[PDB]
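There are 2 protein chains.
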Amino acid sequence: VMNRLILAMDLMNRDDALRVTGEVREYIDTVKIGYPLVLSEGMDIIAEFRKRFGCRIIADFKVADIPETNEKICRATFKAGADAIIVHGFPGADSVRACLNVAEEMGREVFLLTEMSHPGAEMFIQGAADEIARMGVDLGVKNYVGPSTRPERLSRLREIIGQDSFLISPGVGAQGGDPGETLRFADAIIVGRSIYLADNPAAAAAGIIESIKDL
Amino acid sequence: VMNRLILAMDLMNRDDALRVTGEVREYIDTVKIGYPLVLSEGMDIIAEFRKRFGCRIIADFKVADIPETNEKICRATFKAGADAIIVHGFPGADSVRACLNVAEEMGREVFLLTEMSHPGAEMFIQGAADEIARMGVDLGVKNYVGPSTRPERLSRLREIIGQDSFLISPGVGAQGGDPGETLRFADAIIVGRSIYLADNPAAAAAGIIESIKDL
Ligand SMILES: Nc1cc(=O)[nH]c(=O)n1[C@@H]1O[C@H](COP(=O)(O)O)[C@@H](O)[C@H]1O
Ligand SMILES: Nc1cc(=O)[nH]c(=O)n1[C@@H]1O[C@H](COP(=O)(O)O)[C@@H](O)[C@H]1O
Numbered sequence: 011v012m013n014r015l016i017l018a019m020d021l022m023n024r025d026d027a028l029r030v031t032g033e034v035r036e037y038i039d040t041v042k043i044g045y046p047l048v049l050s051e052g053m054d055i056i057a058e059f060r061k062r063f064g065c066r067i068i069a070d071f072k073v074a075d076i077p078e079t080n081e082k083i084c085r086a087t088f089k090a091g092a093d094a095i096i097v098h099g100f101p102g103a104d105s106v107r108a109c110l111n112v113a114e115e116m117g118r119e120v121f122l123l124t125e126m127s128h129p130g131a132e133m134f135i136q137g138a139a140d141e142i143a144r145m146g147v148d149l150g151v152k153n154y155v156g157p158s159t160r161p162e163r164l165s166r167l168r169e170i171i172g173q174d175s176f177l178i179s180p181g182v183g184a185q186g187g188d189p190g191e192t193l194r195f196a197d198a199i200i201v202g203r204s205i206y207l208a209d210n211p212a213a214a215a216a217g218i219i220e221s222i223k224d225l
Numbered sequence: 011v012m013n014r015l016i017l018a019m020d021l022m023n024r025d026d027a028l029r030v031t032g033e034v035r036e037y038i039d040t041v042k043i044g045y046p047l048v049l050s051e052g053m054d055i056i057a058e059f060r061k062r063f064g065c066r067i068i069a070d071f072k073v074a075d076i077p078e079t080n081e082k083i084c085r086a087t088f089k090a091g092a093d094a095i096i097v098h099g100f101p102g103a104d105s106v107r108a109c110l111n112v113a114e115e116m117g118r119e120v121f122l123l124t125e126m127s128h129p130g131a132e133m134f135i136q137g138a139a140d141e142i143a144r145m146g147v148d149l150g151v152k153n154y155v156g157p158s159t160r161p162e163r164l165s166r167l168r169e170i171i172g173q174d175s176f177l178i179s180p181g182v183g184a185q186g187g188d189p190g191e192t193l194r195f196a197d198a199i200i201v202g203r204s205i206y207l208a209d210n211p212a213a214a215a216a217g218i219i220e221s222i223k224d225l
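As given, the protein sequences belong to chains A and A', one line each in that order. A prime marks a further copy of an entry chain.
For what it's worth, the deposited numbering labels the leading residue of the first sequence as 11, then goes sequentially.
For what it's worth, the deposited numbering labels the leading residue of the second sequence as 11, then goes sequentially.
Hints listed in this document are in silico derivations from the structure and should not be mistaken for laboratory results.
The beta-carbon is built from N, C-alpha and C at its ideal position, and this holds for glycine as well.
You may find that some hints are simply not true.
[As the list claims (entries may be wrong)] Computed beta-carbon distance windows for the label pairs:
id	chain 1	residue 1	chain 2	residue 2	range
1	A'	111	A	162	38 to 48 Å
2	A'	172	A	137	36 to 46 Å
3	A'	191	A	137	24 to 34 Å
4	A'	194	A	172	16 to 26 Å
5	A	165	A'	188	31 to 41 Å
6	A'	132	A	162	40 to 50 Å
7	A'	132	A	26	35 to 45 Å
8	A	116	A'	62	45 to 55 Å
9	A	137	A'	190	51 to 61 Å
10	A	62	A'	220	21 to 31 Å
11	A'	225	A	54	27 to 37 Å
12	A'	194	A	62	32 to 42 Å
[Stated by the list, open to error] Partner residues aside, some chain A' positions facing chain A, computed with beta carbon under 7 Å:
id	residue
13	13
14	104
15	105
16	129
17	172
18	186
19	190
20	195
21	222
[Said to hold, decoys possible] Restricting the straight-line Cα-Cα distance to at most 20 Å, the calculated cross-link-like pairs of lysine to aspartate or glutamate (EDC-like) are:
id	chain 1	residue 1	chain 2	residue 2
22	A'	89	A	26
23	A	89	A'	169
24	A	89	A'	93
25	A'	89	A	39
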């Protein structure tokens with residue numbers, strides 16, 4: 011992705027989301043859109059962004075249902091124009107396979123979320139995360155999400171998935187993660203609030219990129 | 011809930027969803043709306059249903075994000091008119107607390123999903139599920155979701171949460187669960203496909219209710 015930086019656009023107002031995304035578009039080629047924006051403004055926002063900005067869109071829906079419902083969610087999301095969807099691995103292999111099947115049908119991609127970035131991830135997810143990652147490898151998953159806030163965990167995840175798999179990582183900035191350290195293991199960093207709540211989002215994005223180029 | 015039966019309305023077309031829900035409305039007072047319908051027709055469908063049918067709406071969004079994003083998702087969902095939201099417990103206590111805080115702010119309810127009904131739930135969720143349930147109790151959660159497909163698990167969940175907590179249970183019908191056995195432990199059953207894909211949804215709902223009354 012452009013500059014190894016993916017914008018997490020979690021503003022809940024179309025006008026604000028469009029403003030900020032336009033201001034930082036010169037510094038990214040990929041926007042992650044999640045439920046805060048989608049549930050406030052509608053799924054039509056995905057195609058609007060994809061057209062206006064000519065970006066890739068990752069739908070951060072953390073799909074976490076039974077196989078049959080997962081299929082439906084994925085199909086609706088790809089129909090709306092998303093390039094990729096983020097899926098939880100904790101519901102197990104059949105749930106993940108359902109998403110992979112729809113992605114294969116529709117020429118899209120699945121990102122498997124393996125270990126989350128927030129403190130509560132330590133309670134249940136972290137102890138399962140290596141196994142979840144190995145399950146991804148065994149299902150043929152090629153795209154993964156793991157936590158900027160725990161680079162030792164992010165290193166272990168990279169170790170499991172290998173150097174060919176694509177790994178993106180949230181938790182940079184607001185949650186305490188560091189761009190450069192995260193990029194030792196991840197291919198791209200996800201950044202939300204540190205950009206979209208900044209007084210000058212373009213300057214915030216530029217500052218991050220300047221530290222990325224230095225690596 | 012009316013007749014201890016909650017409709018899982020996972021049709022993806024507004025016309026079909028309205029038809030079926032209207033046909034079975036005499037047999038329920040509660041409709042569970044999830045992402046298949048919401049992502050296809052918009053969040054405005056929630057208020058439309060609530061008005062047309064005068065039902066309670068549970069938003070089955072299986073909220074599974076970091077605390078900050080969870081807050082946003084819950085707020086958007088309650089703003090749309092949902093009475094309650096289903097939250098995953100696997101992301102840990104801070105993620106659940108974020109949802110509880112918004113529910114307290116907005117006079118709504120959280121349902122904690124503890125153990126899922128599909129086969130893949132055995133891989134990671136089942137081994138954490140008792141702990142997830144105990145975490146719910148310790149957070150003051152009063153409403154829970156557990157699996158019709160494993161009534162021994164559903165009994166253990168009931169044992170942890172006590173007799174005062176409200177427990178609803180999916181996996182009845184299409185996934186193999188039985189109404190009567192499930193209602194030994196759950197207060198209400200969730201039923202989707204066995205009703206909404208039936209040639210006669212009203213007759214399917216009536217048949218289920220007739221077996222519920224017999225208990
Ligand atoms: N996909 C995620 C997985 C995860 O482990 N943590 C995380 O924060 N996210 C999402 O990344 C973004 C983090 O944004 P920020 O902390 O930089 O504002 C938000 O959209 C989260 O909902
Ligand atoms: N909330 C859920 C938790 C769960 O463990 N299993 C489950 O199927 N659900 C949901 O309940 C409904 C099951 O519907 P059906 O199997 O009766 O069609 C669907 O909306 C699922 O997405």
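Verification of the hints:
The beta-carbon spacing between residue 111 of chain A' and residue 162 of chain A, approximately 31 Å, falls outside the hinted interval of 38 to 48 Å. Between residue 172 of chain A' and residue 137 of chain A the Cβ separation comes to about 27 Å, which falls outside the hinted range of 36 to 46 Å. Separation of residue 191 of chain A' from residue 137 of chain A is about 32 Å and conforms to the stated range, judged on CB atoms against 24 to 34 Å. Checked against the given bound of 16 to 26 Å, the beta carbons of residue 194 of chain A' and residue 172 of chain A, roughly 48 Å apart, lie outside it.
Distance hint check for residue 165 of chain A and residue 188 of chain A': the Cβ-Cβ separation is about 47 Å, which falls outside the suggested range of 31 to 41 Å. Residue 132 of chain A' and residue 162 of chain A have their C-beta atoms about 29 Å apart, which leaves the hinted 40 to 50 Å range violated. Distance hint check for residue 132 of chain A' and residue 26 of chain A: the Cβ-Cβ separation is about 43 Å, which falls inside the suggested range of 35 to 45 Å. In this structure the hint that residue 116 of chain A and residue 62 of chain A' lie 45 to 55 Å apart at CB is violated, the actual value being about 32 Å.
Range check, residue 137 of chain A to residue 190 of chain A': Cβ separation about 36 Å, and the 51 to 61 Å hint is violated. At roughly 55 Å, the beta-carbon separation of residue 62 of chain A and residue 220 of chain A' lies outside the given 21 to 31 Å, and the hint is violated. Taking 27 to 37 Å as the suggested C-beta distance range, the pair residue 225 of chain A' and residue 54 of chain A does not conform, at roughly 46 Å. At roughly 55 Å, the beta carbons of residue 194 of chain A' and residue 62 of chain A sit outside the given window of 32 to 42 Å.
For residue 13 of chain A', the suggested interface contact is broken, since its CB lies about 24 Å from the closest CB of chain A, more than 7 Å. Checking residue 104 of chain A' against chain A by beta carbon gives a least distance of about 4 Å; that is within 7 Å, so the hint holds. This hint holds: residue 105 of chain A' has a C-beta 5 Å from the nearest C-beta of chain A, less than the 7 Å allowed. At its closest, the beta carbon of residue 129 of chain A' sits 6 Å from a beta carbon of chain A; the interface hint therefore holds under the 7 Å criterion.
Evaluation of the residue 172 of chain A' hint against chain A yields a violated restraint, the C-beta minimum of about 22 Å exceeding 7 Å. Proximity of residue 186 of chain A' to chain A is violated relative to the hint, the smallest CB-CB distance being about 12 Å (cut-off 7 Å). The restraint placing residue 190 of chain A' at the interface with chain A is violated, with a minimum CB-CB distance near 22 Å, outside the 7 Å limit. For residue 195 of chain A', the shortest C-beta to C-beta distance to chain A is roughly 20 Å, which exceeds 7 Å, and the interface hint is violated.
Contact between residue 222 of chain A' and chain A, as hinted, is not supported at the beta carbon level, the nearest pair being about 23 Å apart and thus beyond 7 Å. As the CA atoms of residue 89 of chain A' and residue 26 of chain A are separated by approximately 19 Å, the hinted pair is consistent with the 20 Å bound. A C-alpha spacing of about 43 Å is found between residue 89 of chain A and residue 169 of chain A', which places the hinted pair above 20 Å, so the restraint is violated. Restraint check: the Cα-Cα separation between residue 89 of chain A and residue 93 of chain A' comes to about 29 Å, which exceeds 20 Å; the hinted pair is violated.
Annotation: proposed proximity of residue 89 of chain A' to residue 39 of chain A is violated, straight-line Cα distance about 32 Å (limit 20 Å).
In summary, the numbered hints that this structure violates are 1, 2, 4, 5, 6, 8, 9, 10, 11, 12, 13, 17, 18, 19, 20, 21, 23, 24 and 25.
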